[PDB]
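Given as structure tokens, the chain that follows is alone and in the form solved without its partner chain.
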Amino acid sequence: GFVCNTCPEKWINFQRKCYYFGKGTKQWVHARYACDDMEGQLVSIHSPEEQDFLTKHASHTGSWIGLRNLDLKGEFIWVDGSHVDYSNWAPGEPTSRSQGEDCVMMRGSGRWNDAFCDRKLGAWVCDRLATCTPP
């Protein structure tokens, strides 16, 4: 009821959320359900502070994040239903003439790239809300 920084075992706290830096070869949808079945969601990024934390723990070979183009014409939404306010797209991204590249990955640099959803990445990040210690 005061300090919201408690996380489950294997999850790392940053501000009022918990992050799971997953490993294992998964397509976007596979990583989506891996987070879901673990009481989390693929990571939603809403500030440069949150992004800097992610970049610090980001897999050098790339990670799936919770961003997906839904209407197939440039409208990206996070798995939790939230819209893009903060963005950390790599230059030229997202590409307009890249039909099928609907799923978003985070590079070792922390910058985002759009991708074919059936692409197998060796890492993926989940998030959930932290629990709180009462006063």
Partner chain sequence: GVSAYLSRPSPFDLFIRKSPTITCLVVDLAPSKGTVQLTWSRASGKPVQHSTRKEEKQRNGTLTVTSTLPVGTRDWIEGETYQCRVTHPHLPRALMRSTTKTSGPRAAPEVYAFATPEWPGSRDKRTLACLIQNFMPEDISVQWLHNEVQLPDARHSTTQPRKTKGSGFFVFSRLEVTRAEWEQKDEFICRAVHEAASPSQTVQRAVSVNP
Given for the second form:
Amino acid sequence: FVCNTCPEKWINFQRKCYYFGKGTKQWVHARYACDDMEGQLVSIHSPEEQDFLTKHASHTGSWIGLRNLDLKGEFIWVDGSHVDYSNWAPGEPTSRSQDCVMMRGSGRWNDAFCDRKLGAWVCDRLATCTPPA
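After the form solved without its partner chain, can we look at the form deposited with its partner chain bound?
Shown below: the chain alone.
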């Protein structure tokens, strides 16, 4: 069993599919966009995954699946997973407002307001498998 099959419009990397969405959307509206596509906002967990995402990332900035339930103070990925790998830009994560996470052109992460509108968002889903020969 080899996991590398993706549906049409989705790019492969390791055991996952990635959709590099385009259009002016808020963090929560970008979240809803991925659910409609039978996926979820991107969950970065390795420097190899980040390296791939940076190569296909929009220069303007992309929305990533990281945020806090307020009754947190701690950021959590949309799938439920906690932050192991981190690619925070210098001075991030902030406490300027004291929020939602966005990926820069450089691949680096920074805090942004939930109502901020960005022209891109990255989705992810588990890649399907080819049965053994």
